[PDB]
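Next up: a single chain in structure tokens, the form solved without the ligand.
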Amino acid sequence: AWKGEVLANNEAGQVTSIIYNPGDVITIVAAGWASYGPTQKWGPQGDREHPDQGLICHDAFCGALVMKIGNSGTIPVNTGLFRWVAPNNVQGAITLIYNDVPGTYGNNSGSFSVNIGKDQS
């Protein structure tokens, strides 16, 4: 299992110790407060009122927690995933990333605290 912080300004993302393998079931829980620029902060579902202006994940709001598994496209995490199985052919190291527009991470602040574990399978 892995526990760590994902900084909102970390454009490259936070690599974890989890390698997602075919058949794995995982659970993620994410908590905390972060911002994509404003003084206000939002939780791991991000800001439901902010327009998508080129987010790395178009299936989640700006300021949401997302992930990549190996060389996958981004997958929403939001507050977490409960006993979750990846799509077919998706495997590799899990990297967690704050959802923002490439090149605009510099004014970001805060972080999410995230737990990932593998479940029975």
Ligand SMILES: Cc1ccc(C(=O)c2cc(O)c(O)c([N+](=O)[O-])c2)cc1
The other form holds:
Number of protein chains: 4
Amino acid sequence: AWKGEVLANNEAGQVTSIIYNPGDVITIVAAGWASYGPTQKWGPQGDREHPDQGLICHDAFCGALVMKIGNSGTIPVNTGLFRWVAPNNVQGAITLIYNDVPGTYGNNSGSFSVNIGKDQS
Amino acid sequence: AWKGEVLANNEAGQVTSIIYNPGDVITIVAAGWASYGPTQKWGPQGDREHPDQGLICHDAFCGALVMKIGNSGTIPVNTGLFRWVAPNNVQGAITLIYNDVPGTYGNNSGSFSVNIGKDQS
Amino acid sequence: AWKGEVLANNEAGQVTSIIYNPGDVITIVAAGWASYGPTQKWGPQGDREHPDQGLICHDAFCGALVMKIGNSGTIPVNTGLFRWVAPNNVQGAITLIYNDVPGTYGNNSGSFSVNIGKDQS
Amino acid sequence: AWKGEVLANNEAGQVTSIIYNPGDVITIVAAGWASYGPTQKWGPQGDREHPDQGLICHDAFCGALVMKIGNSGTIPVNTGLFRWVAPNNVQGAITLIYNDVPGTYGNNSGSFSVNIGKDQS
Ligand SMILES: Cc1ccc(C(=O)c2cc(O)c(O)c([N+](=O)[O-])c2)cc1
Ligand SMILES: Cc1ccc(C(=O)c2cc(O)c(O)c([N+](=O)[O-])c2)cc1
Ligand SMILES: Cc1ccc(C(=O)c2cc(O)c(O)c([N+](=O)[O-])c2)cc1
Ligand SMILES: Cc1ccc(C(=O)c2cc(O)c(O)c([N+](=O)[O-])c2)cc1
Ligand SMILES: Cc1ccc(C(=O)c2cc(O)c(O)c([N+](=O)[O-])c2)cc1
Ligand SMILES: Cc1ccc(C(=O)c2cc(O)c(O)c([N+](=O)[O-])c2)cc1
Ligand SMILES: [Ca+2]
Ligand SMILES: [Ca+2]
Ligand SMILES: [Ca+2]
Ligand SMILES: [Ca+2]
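The form solved without the ligand done, now the form solved in complex with the ligand:
Now the full complex is given, and it begins with the chain already shown.
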């Protein structure tokens, strides 16, 4: 399995040790408190009240945890995924990213602690 | 595995199908939005700003997800637990509970969607 | 998980650390060479040519690996069990036993090397 | 997971649906009765009394179950593999094969029933 920190200010995202292959089943658990700028913190589901002003993922709130798998678009993670299977032709290294507007990561703070494992299949 | 809803207004908590036995390894993923009363919602980590005025679990925020295993005290769950093992002499049915002050559940709303599975061991 | 040897000459069998609980999924893999008395040795399926009379397990060949769960009757194991759930109401420690006629274990020789693990469930 | 039969008389072996990828943990359980020509049958460990000459796998007995991962050399399987990680740099489809001398498969008979699954990792 993989365990590590995803910094909210890391615009390129945190590459994991997990290479998602066809057929794989994965489980993700994400925890902790982070900010996209304000003097408040939100969990891995982000800020349900903040407008989307050009987020890297339009299917999750500002300040949410998302991922890319190889060459994929952003996929919501939020608090995690339980025994999850990717779409046809989605494969490669999993990168975890804090959901924010491109070029606005410099004022972000905090992190999420994330676990990923491959399940039985 | 078990999947189900934990209602924020359910003071007795939601009993699951998971009977935790000595040696078991479990994974929990919790998601969603709930309130302990106010016209705002919080995720399974609850409200980090709200004081503890007699919460059923003093190790988690008001509005967080917690659990009991058989005859145990409350144990924080928050967003989930990854490949977790219980203390010596903690065993029995897992019950999931919204963290609030006893007798104050009537104004709560929303729910968490929760998955629990037993891992390889 | 558990790994150990089951001696063919051990009439009482080898009690393991694995406690089979309701709902558990287990995998067993057994290997090696043993005899119920002749100079030949057989694997964990035993001797398909030997008559069935007086064996501790009528549903496996003489020289096969079998088990008990708690105080159950004998259950065939043979080369192993893949992601197995008990079809009967059984609970308790797994004991591994060589299948032979009671009182005839003293001329037996060799052993099986066995792995047991609990699977995801 | 994959379940199927490996015929002893099939020199090319049975290609499975399981693609072994770097880091995968697999479990294999094999059962049944087969012959490399004689009237006797043996289990998936084969015949411990048969000489080693000309077999497709020098590290297993004649009549044993072996495999290839992609275009690898033969790898012993015997009764199975418990939570196994490839110790060598191998990737690709698992092919299951009966261990015999090339060109001598036509007098073989019987089969092994095999389960393969990917384990948690
Ligand atoms: C149209 C517009 C106007 C103001 C901003 C803006 O200032 C801003 C700055 C951030 O650090 C930030 O994290 C976000 N966000 O999440 O939406 C917005 C961004 C876009
Ligand atoms: C000492 C005191 C004063 C006011 C209240 C109180 O009114 C209250 C009511 C709730 O529904 C509720 O969910 C909580 N809480 O989470 O703390 C407090 C509770 C205790
Ligand atoms: C050394 C040894 C140990 C066990 C056996 C053995 O299993 C055996 C011995 C007998 O006298 C017999 O009549 C039969 N039978 O009827 O199949 C089996 C045979 C030899
Ligand atoms: C009448 C009769 C027929 C078959 C057996 C018999 O099956 C048997 C099995 C053994 O493992 C064993 O060790 C021996 N023995 O050495 O005598 C006999 C035992 C008795
Ligand atoms: C029907 C059949 C099929 C295969 C065998 C067999 O494997 C065999 C045949 C031989 O002529 C021989 O010399 C040896 N050897 O040296 O061990 C083995 C024996 C019989
Ligand atoms: C010189 C020599 C010695 C041993 C073998 C031999 O091992 C063998 C193996 C077979 O599976 C088989 O089917 C046969 N056959 O029937 O001839 C022979 C083959 C050739
Ligand atoms: Ca920002
Ligand atoms: Ca309340
Ligand atoms: Ca005997
Ligand atoms: Ca042959």
